[PDB]
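One chain comes next, on its own, written as structure tokens: the form deposited without its partner chain.
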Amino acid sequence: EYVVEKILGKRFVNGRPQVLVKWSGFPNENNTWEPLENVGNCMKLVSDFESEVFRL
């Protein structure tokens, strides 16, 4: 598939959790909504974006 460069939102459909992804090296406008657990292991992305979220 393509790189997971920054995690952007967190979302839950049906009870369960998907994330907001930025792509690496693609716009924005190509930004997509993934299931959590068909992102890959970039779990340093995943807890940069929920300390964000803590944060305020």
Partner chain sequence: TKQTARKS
The other form holds:
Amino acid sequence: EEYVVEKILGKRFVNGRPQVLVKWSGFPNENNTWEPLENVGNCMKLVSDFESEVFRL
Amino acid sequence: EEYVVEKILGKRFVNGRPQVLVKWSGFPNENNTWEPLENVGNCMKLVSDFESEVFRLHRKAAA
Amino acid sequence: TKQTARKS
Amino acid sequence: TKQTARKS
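If the structure you just shared is the form deposited without its partner chain, then what does the corresponding form deposited with its partner chain bound look like?
Okay, now the whole complex, with that chain kicking things off.
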């Protein structure tokens, strides 16, 4: 029920709630999906990488 | 070993990496710790609450 | 740790 | 929906 994620690409809020943009492993960008932060606890390493990147600039 | 968390209080960057401020369930504030984002995978609901709060404040400030 | 997430 | 986390 969980899929391997390759990269977190973006962050946003929809109706007040935080979401991240997910690039899935073994899938091209056309399959990328905005997921609620609640969904993404098992890839918090990648989330962290993404948040480091935007902080870097 | 994982501990039940009651609330997420804050976020910061330490050497480029994100951390959050954890209030632990059944422990007073004096026991609050800054934990790396990597560590809170199992309390994302609470993390999400915290993010929403921040967003709300930002939006109050911008309006 | 394997990096995974739910789809929704 | 049970909220847990590693300590340091």
